[PDB]
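Start from chain B and add chain A with the ligands according to the hints.
2 protein chains.
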Amino acid sequence: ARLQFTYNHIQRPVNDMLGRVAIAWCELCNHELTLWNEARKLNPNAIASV
Amino acid sequence: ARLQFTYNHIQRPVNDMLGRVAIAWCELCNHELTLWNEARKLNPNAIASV
Ligand SMILES: *[C@@H]1O[C@H](CO)[C@@H](O[C@@H]2O[C@H](CO)[C@@H](O)[C@H](O)[C@H]2NC(C)=O)[C@H](O)[C@H]1NC(C)=O
Ligand SMILES: *[C@@H]1O[C@H](CO)[C@@H](O[C@@H]2O[C@H](CO)[C@@H](O)[C@H](O)[C@H]2NC(C)=O)[C@H](O)[C@H]1NC(C)=O
Numbered sequence: 504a505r506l507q508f509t510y511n512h513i514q515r516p517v518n519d520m521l522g523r524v525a526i527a528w529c530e531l532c533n534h535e536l537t538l539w540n541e542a543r544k545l546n547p548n549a550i551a552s553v
Numbered sequence: 504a505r506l507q508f509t510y511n512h513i514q515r516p517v518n519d520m521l522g523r524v525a526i527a528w529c530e531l532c533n534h535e536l537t538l539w540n541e542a543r544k545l546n547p548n549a550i551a552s553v
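Residue numbers (the entry's author numbering), protein chains in the order written: chain B, 504 to 553; chain A, 504 to 553.
Chain B with its partners taken away, still in its complex shape:
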């Protein structure tokens, strides 16, 4: 709990590694939400039921 962010040489690789993961999830969400929000415009009964 004390030793976590105190080592720049350990944390620098991690910020880049996890930062890329966070960005990947954002790109998937924007892609999926766009398709889902267009489908609900056409058939809200099916999308709501699912």
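Hints in this document: simulated from the structure, not taken from any laboratory.
Careful: at least some of the hints might be erroneous.
Since copy identity is lost for identical chains, a pair holds within one copy or between any two.
What the hints assert, rightly or not - Taking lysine to any residue pairs in the SDA-like style, the calculated list, with each CA pair at most 20 Å apart, reads:
| id | residue 1 | residue 2 |
| --- | --- | --- |
| 1 | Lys-544 | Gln-507 |
| 2 | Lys-544 | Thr-509 |
| 3 | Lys-544 | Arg-523 |
| 4 | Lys-544 | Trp-528 |
| 5 | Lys-544 | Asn-511 |
| 6 | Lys-544 | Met-520 |
| 7 | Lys-544 | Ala-504 |
| 8 | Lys-544 | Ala-525 |
| 9 | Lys-544 | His-534 |
| 10 | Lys-544 | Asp-519 |
| 11 | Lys-544 | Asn-533 |
Relative to the frame of chain B, chain A with the ligands by itself:
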């Protein structure tokens, strides 16, 4: 083949593990089938061709 489902303490963790995998696949299929079925309603020639 004789031992498989005989040890409850081994099988209980497995049912809880694989049950989640099966549920995850069901959720993906319902999501994908719904989008695919709406696209098919709009352009059957493209969806059938692929
Ligand atoms: C990352 O988190 C650490 C805490 O783990 C932050 O470091 C503290 O910063 C304050 C303000 O200068 C100091 O008073 C503390 O002594 C620091 N704590 C330790 C354990 O070093 C740090 O500011 C954060 N980094 C960024 C860029 O936000
Ligand atoms: C899970 O599979 C096992 C078989 O591996 C089932 O256990 C058998 O149950 C019948 C009915 O009580 C017994 O006659 C057998 O002797 C049992 N076999 C063994 C090797 O123990 C079990 O019934 C299945 N689980 C469920 C929910 O029914």
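Right, here's what the structure says about each hint:
In the homo-oligomer, the alpha carbons of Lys-544 and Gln-507 never lie at most 20 Å apart, since the shortest distance is 47 Å inside one protomer and 49 Å across protomers. Taking CA atoms no more than 20 Å apart as the test, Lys-544 paired with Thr-509 passes in neither setting, with 50 Å inside one copy and 51 Å between copies. In this assembly of identical chains, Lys-544 and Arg-523 lie within 20 Å of each other by CA distance neither inside one copy nor across copies; the values are 32 Å within and 31 Å between. In this assembly of identical chains, the alpha carbons of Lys-544 and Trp-528 never lie at most 20 Å apart, being 24 Å within a copy and 26 Å across copies at closest.
For the identical chains of this complex, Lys-544 and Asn-511 are neighbours neither inside a copy (48 Å) nor across copies (49 Å), given an alpha-carbon limit of 20 Å. Taking the shortest alpha-carbon separations for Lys-544 and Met-520, neither the intra-copy value of 37 Å nor the inter-copy value of 36 Å comes in at or below 20 Å. In the homo-oligomer, the alpha carbons of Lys-544 and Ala-504 never lie at most 20 Å apart, since the shortest distance is 48 Å inside one protomer and 52 Å across protomers. With identical chains, the CA atoms of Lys-544 and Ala-525 are never at most 20 Å apart, being 29 Å at best within one copy and 30 Å at best between copies.
Both within a single protomer and between protomers do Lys-544 and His-534 lie at most 20 Å apart by alpha-carbon distance, with minima of 16 Å and 16 Å respectively. Within a single copy, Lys-544 and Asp-519 get their C-alpha atoms no closer than 38 Å, and across copies no closer than 37 Å, so neither meets the 20 Å cut-off. Proximity of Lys-544 and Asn-533 under a CA criterion of 20 Å is satisfied in both settings, with 17 Å inside one chain copy and 18 Å between copies.
Checked against the numbered hints given earlier, the structure breaks hints 1, 2, 3, 4, 5, 6, 7, 8, 10 and satisfies all the rest.
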